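Take a look at this single chain in structure tokens; it is the form solved without the partner chain.
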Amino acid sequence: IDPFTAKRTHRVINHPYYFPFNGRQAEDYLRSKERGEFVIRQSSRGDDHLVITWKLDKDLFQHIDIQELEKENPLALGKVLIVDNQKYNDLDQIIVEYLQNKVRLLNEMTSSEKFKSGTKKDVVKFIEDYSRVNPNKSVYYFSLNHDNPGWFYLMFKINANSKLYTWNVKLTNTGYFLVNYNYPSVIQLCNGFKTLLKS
């Protein structure tokens, strides 16, 4: 276990969005901010890790791990940065190509007619009540997974008397990962899902 920590050995990163916050302090700061707003900060441990903490929704934040490679020395920002096993050349590239694309896809989903706001329980009750309006027709909705920031639930009933099933969709910077495929848009994600039901 690494004694190089944000508390004992603080690094300063030369970027206008770098803050001296830890994870909790970053979340608290972002509580009064809007979706997509973020801070770059040191990781709790390691001289070669940074984090971008960003806000998805009310009380919902994600901490993006950044691995630094090709560091000149323990303090220098790595000349290569890995996020989600993808290479980036600098922090701005991560912010634009990774973060902002994730935000774009988040917005796309929560603005879709197929998305339902609320907790998992409240959404379950809604789908159940909703499927009984037209008992013979299948229903499905996406919702936010608050336990695991960055994931959506995909809940669906074949009909009113069928079991309510729940699948997991992961938000990525290039689309929505369901099962074993990354769908570039919500439209294509919905088409994929309907194809899965027919296998």
Given for the second form:
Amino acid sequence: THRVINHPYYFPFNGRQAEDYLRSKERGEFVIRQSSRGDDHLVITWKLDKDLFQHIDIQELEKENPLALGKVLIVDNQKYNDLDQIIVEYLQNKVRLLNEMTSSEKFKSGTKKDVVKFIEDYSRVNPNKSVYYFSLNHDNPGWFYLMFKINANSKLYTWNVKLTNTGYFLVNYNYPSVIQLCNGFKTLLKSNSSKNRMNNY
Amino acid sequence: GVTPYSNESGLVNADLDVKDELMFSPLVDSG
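Form solved without the partner chain done; form solved in complex with the partner chain now:
Every component of the complex follows; first up is the chain already shown.
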């Protein structure tokens, strides 16, 4: 099965071919391609960073025939009219928010181990401060690690922040900016901390 | 198929298991 999709960004790639094509491209570039899930799915594969790619499902509804692009498309549980709307309203916002995160003074580039090392070093120098940074989750594209220590002697905790097209999802909420995500992280942890100290008897 | 769909993953957060006093930097204006 080889579908003729009439779109400037359509390529008949498997996931590995899509990643190879994007390897020399820049953050935010993408391809649309046939899905292994069937003739009512497509995939948009996009580049986050060097050797870091995310493949997102596009579910097709209102198909006029088995091979034609559906007139309604579902991405991340939201409805879109066509592939250009997905590019503009889903993908481009997601890329915008990725750049907002990696431009933040709370973001650290490098592998998880690299950032843990910086956190440990920072904690060694500042043993009575609580420390936290964001970094890229290379094993789960589209997520950030949120790593923190309460103090030098505390364990290093890893939480997980999901990048979405409308903000940064942490625990129960989709923060619309990195500043609000940082404020919210602190509030959430203050709340859990004060709950731990409650006297239930 | 073989391709992973990382937007479909769910990653579990470690529970905070300490009474230690938090000492994070201040909250800041959202702008």
